[PDB]
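Colleague: Given next are the chains, with one letter for each unit.
There are 6 protein chains.
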Amino acid sequence: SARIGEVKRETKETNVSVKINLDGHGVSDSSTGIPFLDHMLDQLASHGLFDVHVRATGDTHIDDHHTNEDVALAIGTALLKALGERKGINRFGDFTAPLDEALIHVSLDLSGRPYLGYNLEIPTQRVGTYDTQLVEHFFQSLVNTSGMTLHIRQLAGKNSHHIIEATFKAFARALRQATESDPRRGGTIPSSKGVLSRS
Amino acid sequence: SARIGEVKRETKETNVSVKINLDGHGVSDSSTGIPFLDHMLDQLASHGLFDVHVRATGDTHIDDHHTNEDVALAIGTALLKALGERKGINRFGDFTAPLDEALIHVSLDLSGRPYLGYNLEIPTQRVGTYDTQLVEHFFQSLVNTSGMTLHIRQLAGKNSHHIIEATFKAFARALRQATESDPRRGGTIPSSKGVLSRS
Amino acid sequence: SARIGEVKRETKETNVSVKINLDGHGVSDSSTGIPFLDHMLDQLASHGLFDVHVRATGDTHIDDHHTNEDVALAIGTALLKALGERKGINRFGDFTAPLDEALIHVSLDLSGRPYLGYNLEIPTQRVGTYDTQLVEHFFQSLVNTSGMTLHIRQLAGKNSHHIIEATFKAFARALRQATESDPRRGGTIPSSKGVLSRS
Amino acid sequence: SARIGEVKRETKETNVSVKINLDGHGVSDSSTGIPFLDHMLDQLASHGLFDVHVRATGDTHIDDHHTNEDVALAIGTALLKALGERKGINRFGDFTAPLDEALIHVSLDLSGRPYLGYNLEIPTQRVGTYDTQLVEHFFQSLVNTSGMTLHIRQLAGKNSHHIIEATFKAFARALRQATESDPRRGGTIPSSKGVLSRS
Amino acid sequence: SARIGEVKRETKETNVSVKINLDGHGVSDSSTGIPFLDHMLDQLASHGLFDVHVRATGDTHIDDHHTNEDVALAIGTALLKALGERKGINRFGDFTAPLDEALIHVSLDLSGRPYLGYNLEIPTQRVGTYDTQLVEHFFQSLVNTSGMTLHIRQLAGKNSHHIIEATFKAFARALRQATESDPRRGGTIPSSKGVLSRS
Amino acid sequence: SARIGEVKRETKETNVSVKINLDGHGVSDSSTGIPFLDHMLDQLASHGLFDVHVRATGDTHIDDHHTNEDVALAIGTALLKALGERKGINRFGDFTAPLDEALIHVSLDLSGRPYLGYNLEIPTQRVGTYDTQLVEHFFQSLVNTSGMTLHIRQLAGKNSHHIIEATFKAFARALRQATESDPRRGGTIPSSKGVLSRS
Ligand SMILES: O=P(O)(O)C[C@H](O)Cn1cncn1
Ligand SMILES: O=P(O)(O)C[C@H](O)Cn1cncn1
Ligand SMILES: O=P(O)(O)C[C@H](O)Cn1cncn1
Ligand SMILES: O=P(O)(O)C[C@H](O)Cn1cncn1
Ligand SMILES: O=P(O)(O)C[C@H](O)Cn1cncn1
Ligand SMILES: O=P(O)(O)C[C@H](O)Cn1cncn1
Ligand SMILES: [Cl-]
Ligand SMILES: [Cl-]
Ligand SMILES: [Mn+2]
Ligand SMILES: [Mn+2]
Ligand SMILES: [Mn+2]
Ligand SMILES: [Mn+2]
Ligand SMILES: [Mn+2]
Ligand SMILES: [Mn+2]
Ligand SMILES: [Mn+2]
Ligand SMILES: [Mn+2]
Ligand SMILES: [Mn+2]
Ligand SMILES: [Mn+2]
Ligand SMILES: [Mn+2]
Ligand SMILES: [Mn+2]
Numbered sequence: 092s093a094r095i096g097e098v099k100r101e102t103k104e105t106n107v108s109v110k111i112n113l114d115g116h117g118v119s120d121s122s123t124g125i126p127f128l129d130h131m132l133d134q135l136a137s138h139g140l141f142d143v144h145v146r147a148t149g150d151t152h153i154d155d156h157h158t159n160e161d162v163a164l165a166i167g168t169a170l171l172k173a174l175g176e177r178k179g180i181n182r183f184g185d186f187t188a189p190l191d192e193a194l195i196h197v198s199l200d201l202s203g204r205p206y207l208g209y210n211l212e213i214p215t216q217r218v219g220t221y222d223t224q225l226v227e228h229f230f231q232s233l234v235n236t237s238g239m240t241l242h243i244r245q246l247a248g249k250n251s252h253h254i255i256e257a258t259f260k261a262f263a264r265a266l267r268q269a270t271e272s273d274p275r276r277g278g279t280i281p282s283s284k285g286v287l288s289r290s
Numbered sequence: 092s093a094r095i096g097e098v099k100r101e102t103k104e105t106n107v108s109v110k111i112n113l114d115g116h117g118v119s120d121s122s123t124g125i126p127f128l129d130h131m132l133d134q135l136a137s138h139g140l141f142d143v144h145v146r147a148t149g150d151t152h153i154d155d156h157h158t159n160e161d162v163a164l165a166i167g168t169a170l171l172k173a174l175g176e177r178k179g180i181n182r183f184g185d186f187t188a189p190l191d192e193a194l195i196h197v198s199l200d201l202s203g204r205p206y207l208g209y210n211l212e213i214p215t216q217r218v219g220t221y222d223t224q225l226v227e228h229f230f231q232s233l234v235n236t237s238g239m240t241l242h243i244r245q246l247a248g249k250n251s252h253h254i255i256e257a258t259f260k261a262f263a264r265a266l267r268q269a270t271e272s273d274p275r276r277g278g279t280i281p282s283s284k285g286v287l288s289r290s
Numbered sequence: 092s093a094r095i096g097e098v099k100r101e102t103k104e105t106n107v108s109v110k111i112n113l114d115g116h117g118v119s120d121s122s123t124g125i126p127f128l129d130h131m132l133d134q135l136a137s138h139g140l141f142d143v144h145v146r147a148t149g150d151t152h153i154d155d156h157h158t159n160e161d162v163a164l165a166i167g168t169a170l171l172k173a174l175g176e177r178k179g180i181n182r183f184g185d186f187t188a189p190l191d192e193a194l195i196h197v198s199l200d201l202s203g204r205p206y207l208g209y210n211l212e213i214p215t216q217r218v219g220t221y222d223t224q225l226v227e228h229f230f231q232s233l234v235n236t237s238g239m240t241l242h243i244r245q246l247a248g249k250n251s252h253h254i255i256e257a258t259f260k261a262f263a264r265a266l267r268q269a270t271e272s273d274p275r276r277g278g279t280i281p282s283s284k285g286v287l288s289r290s
Numbered sequence: 092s093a094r095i096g097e098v099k100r101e102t103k104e105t106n107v108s109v110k111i112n113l114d115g116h117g118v119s120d121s122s123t124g125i126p127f128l129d130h131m132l133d134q135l136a137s138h139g140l141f142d143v144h145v146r147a148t149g150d151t152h153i154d155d156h157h158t159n160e161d162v163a164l165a166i167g168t169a170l171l172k173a174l175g176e177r178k179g180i181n182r183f184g185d186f187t188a189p190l191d192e193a194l195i196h197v198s199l200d201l202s203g204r205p206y207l208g209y210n211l212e213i214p215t216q217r218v219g220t221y222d223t224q225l226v227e228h229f230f231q232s233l234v235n236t237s238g239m240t241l242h243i244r245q246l247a248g249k250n251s252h253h254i255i256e257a258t259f260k261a262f263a264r265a266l267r268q269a270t271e272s273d274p275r276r277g278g279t280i281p282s283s284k285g286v287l288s289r290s
Numbered sequence: 092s093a094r095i096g097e098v099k100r101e102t103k104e105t106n107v108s109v110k111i112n113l114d115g116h117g118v119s120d121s122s123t124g125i126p127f128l129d130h131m132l133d134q135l136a137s138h139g140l141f142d143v144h145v146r147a148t149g150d151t152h153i154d155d156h157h158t159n160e161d162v163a164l165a166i167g168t169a170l171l172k173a174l175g176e177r178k179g180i181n182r183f184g185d186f187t188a189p190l191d192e193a194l195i196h197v198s199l200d201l202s203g204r205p206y207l208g209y210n211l212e213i214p215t216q217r218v219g220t221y222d223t224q225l226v227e228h229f230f231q232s233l234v235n236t237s238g239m240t241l242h243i244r245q246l247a248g249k250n251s252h253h254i255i256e257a258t259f260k261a262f263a264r265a266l267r268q269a270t271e272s273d274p275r276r277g278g279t280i281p282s283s284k285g286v287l288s289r290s
Numbered sequence: 092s093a094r095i096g097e098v099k100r101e102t103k104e105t106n107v108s109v110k111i112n113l114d115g116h117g118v119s120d121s122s123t124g125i126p127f128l129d130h131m132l133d134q135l136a137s138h139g140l141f142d143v144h145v146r147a148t149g150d151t152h153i154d155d156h157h158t159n160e161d162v163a164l165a166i167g168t169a170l171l172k173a174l175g176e177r178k179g180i181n182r183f184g185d186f187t188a189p190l191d192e193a194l195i196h197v198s199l200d201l202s203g204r205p206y207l208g209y210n211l212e213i214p215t216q217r218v219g220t221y222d223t224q225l226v227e228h229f230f231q232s233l234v235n236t237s238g239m240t241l242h243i244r245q246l247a248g249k250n251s252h253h254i255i256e257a258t259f260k261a262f263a264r265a266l267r268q269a270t271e272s273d274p275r276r277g278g279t280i281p282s283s284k285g286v287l288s289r290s
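Protein chains in written order, with this note's numbering: chain A, 92 to 290; chain B, 92 to 290; chain C, 92 to 290; chain D, 92 to 290; chain E, 92 to 290; chain F, 92 to 290.
Note that these hints are calculated values from the structure, not bench results. The reader is advised that the hints may include incorrect statements.
Because identical chains cannot be distinguished in the list, a pair is counted as satisfied if it fits within a single copy or across any two copies.
Below 27 Å or equal to it, Euclidean Cα-Cα: the simulated DSS-like pairs (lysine-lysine) are [unchecked claim]:
1. 103 x 172
2. 284 x 172
3. 99 x 249
4. 103 x 284
5. 110 x 249
6. 178 x 284
7. 178 x 99
8. 172 x 99
9. 103 x 178
10. 178 x 249
11. 172 x 249
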């Protein structure tokens, strides 16, 4: 049966709803109020094969920050819920993807333990209307609620849209791999300590 | 009524029990299987005025790592449970404490959002039998489950025991401050967004 | 009786009204025409417990500069009026607050003597639509009319919104401390020279 | 039929027995007299899905060196025996795995030709009682008897236990991949020269 | 009952009398024969709320050194006597105070263990007739007899009078904090080892 | 009549007893629970000709730190008591001693004024089980209670045991010299100010 996580999250700053199917067919349905982020979430669906449903509204007149953050938090929680006990999964994901001159390595472990290693150097401040500082924050917030160890490494790149989009493509493929069933492990928990937890 | 958090946490590596009273009288009752850590937890009680009850066993024949980590995780969860909705608290804590030549600044925010900034340079590898790398890991794990933003800055120090112990003293006082009641805010949540959460 | 300062200030560039209660309950009521600034003033209320009422209009088609400046001037005057002779207060405030990876130290003295020490390095030029140069100018103008010695020190930070917001949180807490009653000094002026003045 | 390699190896320094199933279910059964090494061998089973049976005794009063070395030699021989002619396998393995802040890339070729490329910089001398120089020696000895080309690259890391354990996790996954059946090659030897040999 | 320490100290170089009330109302009554020092002691009273009574005479025709030193020694002894067993106190003090462009951080621990960490760089040799080397010596001598761990850190400053005076203001506030009653600790000794002593 | 100082000192961490005869015959009787320290105290007796009786127990399961410190404190107090008014003594001591390649200069003044200047660079972290950071702490604590100005300068050395032991030999000889009777001064106090005191 498909692993689906659903989240509603609201504060005085933002209102967010997320539904993610780990066992999806790449259904893309993201509307965050941040068009560039929507385009990136579309890569998560197209390349990760997640079904990604996101709705957000928020205080974008202040800046895109709170929206971006709260979307990421809610996505991370949806991943946590869908993953459950993490029985029988690959756990680890590793993929390097390009977009033209950009080349980004993503490695992750669905350990339960939040950590972000990130070294992107995005050479412009705005891609469309999107503040490029928010990319790091998206991943940081997502790892915090999902209980993910995540490394993002820039191997090459100059165009900011290419750098960011290659990151999402690599992330999508690494996350797909990690969430997928391990065909040899017979449904067992993939941990020598017998459990995977965010606590 | 006193804010008390209780946690039991067990894996194939370790077995941990924690009870913390935020509104304590400094009752010290820590036995982790790591004597140096016990001594540090005793500062948390003595200077923070938390009642700190900790029991742990684990795979110390491998190394103190898993025990140290899992104690920290469980303490963080106990803090999270005791704090609840975080209504009426100071939220922020800030304190710099010495131990002789050592001087350590600790600043924290009980935001719900885990983050550790840490720059200690502990010049020896073992204090007694305790691996000095485990200090950073203790705080990292604790912030992750407690939902704490924490900065630890070494301003001076040479003796490893002094550096580490001053850190725990400063942390204890900053955490005390942050967890204490704000006498002017009338029980309100100390956040412009109306909520403080680890999600 | 509550210490309240009220200011109306108008030029050909801007029109500003401010009312601040030093002895407030954190009532937030700021509308400057600069949404990011409103969000920052909201931290001043939430964390400083000032009641902050601000209205401004101005020549934002030129840039946010004159508005930002004139709001700050008027706030400083409101603080000066509310403070009066400064009898019985703590006078000094000192607080370091984080926002995730950002960490900002604010120290101030309600001496009457305007001074700003500031070393923020905000790595992007715009947070939303807000020009990040205007942060320094806000504090500079505020100290000039309030008669405040103010130091703002960036200890850590990368995200521009985090850096700026941590600054306002630290400032709010330091200003709260400084303006609050000193419970031991018996209503006396906190100065060896017998007076505190902007002249 | 499952590919199983069994080795008994004894000198005046050590006594070692190894049994490895390449086509295992992750059965972990390692007791080397070096607890940290046992914990690492447990990752080899848990993540590589090898059945790993190891027993060793030896001159640990001198140091763990001879034991560590001779265990590695015997494991390498067991791999060589189990692999046989290396018909129909993937041959190459490539995986990057993290453990929190640590990130280690392992690439290997089951060519028959021993080579170790290794650049770990493990910042402490002892993890528990285990001498961290012995990690490099473990892999060097293993490649020598197994006939493996192996590269181990530290991409990130600070905690010695994390660095070493991430290495074993990445190694386990790369070795799993390399030893597994290539579903398209129809049982053929994966070499343009028609043979894979340690001679 | 108020904690008062009284000292008479005389040598062939100097004659000194000190009386300090830890629980004072800021009574300033210092006449050392060194006017600049008197002005600084006046800050100790005004901002620390100590009652400070000092009389000294000495060999100022040689230089202010012996007087400055012996005043400091006697003040430290008076603090030691007044503090007694140090039951129920905060123990630690931490405060950063400015004077215009100067900004000085003082952190102290009333541990019993004398230590001075000091990094002031006072850019002129004389403030009035007062030799600016004597500032460091004042604090060094004071810590030695009081049994105080003391750190003084220059964060900013150019004017020598500002640097020195900000130091005394910060020191006064940190010492006030440390000597004050801890309202939660119920009169207990604030030390995990059960005693605070200069021996 | 022989100058003998006796001290009992106990906390929750340690229990210490010291008896020192300044006018001894080199009777060595030290048992601190730290064998390396005992060996060093034996040099103090053998080369200084002090009769040195020390007993300590303490929390060595945490580390040797508290024991080492408290032994030093108690020895310093015993020296202070035995020295009394310091009439008729040499006061100053100066000696440089080698141990093979190591060469250590010790200069001291029995002034009453505690100060340690120390520049040893001991190239290993443990000599036997003894943490080499504790050497500096031993001397620092000793000067604090004895009222000694002490300089320790490493002129040469590589072997940690040689460096430390040469330090104790030089210290022993310098202290012997300083404590011995000045045969020309006729019992007078060796100070132009007419008194030597720790206050
Ligand atoms: O990665 P896991 O949790 O499956 C097993 C590890 O042994 C736990 N660990 C966490 N830090 C060091 N080791
Ligand atoms: O600190 P908070 O959550 O009370 C309010 C902040 O506005 C939320 N925030 C988080 N990142 C930037 N802003
Ligand atoms: O800070 P104050 O004004 O209370 C007293 C100072 O002595 C005045 N001052 C100003 N510059 C140097 N000293
Ligand atoms: O990797 P192989 O042995 O399958 C084929 C290679 O051509 C052999 N070789 C070894 N060095 C250079 N080439
Ligand atoms: O600061 P204290 O004396 O309350 C307790 C410390 O454990 C004693 N100590 C002194 N050096 C290292 N530890
Ligand atoms: O060394 P003493 O105490 O005998 C005499 C000195 O004159 C006192 N002194 C202390 N600092 C400077 N001089
Ligand atoms: Cl600082
Ligand atoms: Cl790479
Ligand atoms: Mn944020
Ligand atoms: Mn695109
Ligand atoms: Mn770990
Ligand atoms: Mn201690
Ligand atoms: Mn302007
Ligand atoms: Mn915000
Ligand atoms: Mn070897
Ligand atoms: Mn492990
Ligand atoms: Mn002097
Ligand atoms: Mn002045
Ligand atoms: Mn110590
Ligand atoms: Mn020897």
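Colleague: Can you name, in rising order, the numbers of the hints this structure does not satisfy?
Modeller: 3, 5, 10 and 11
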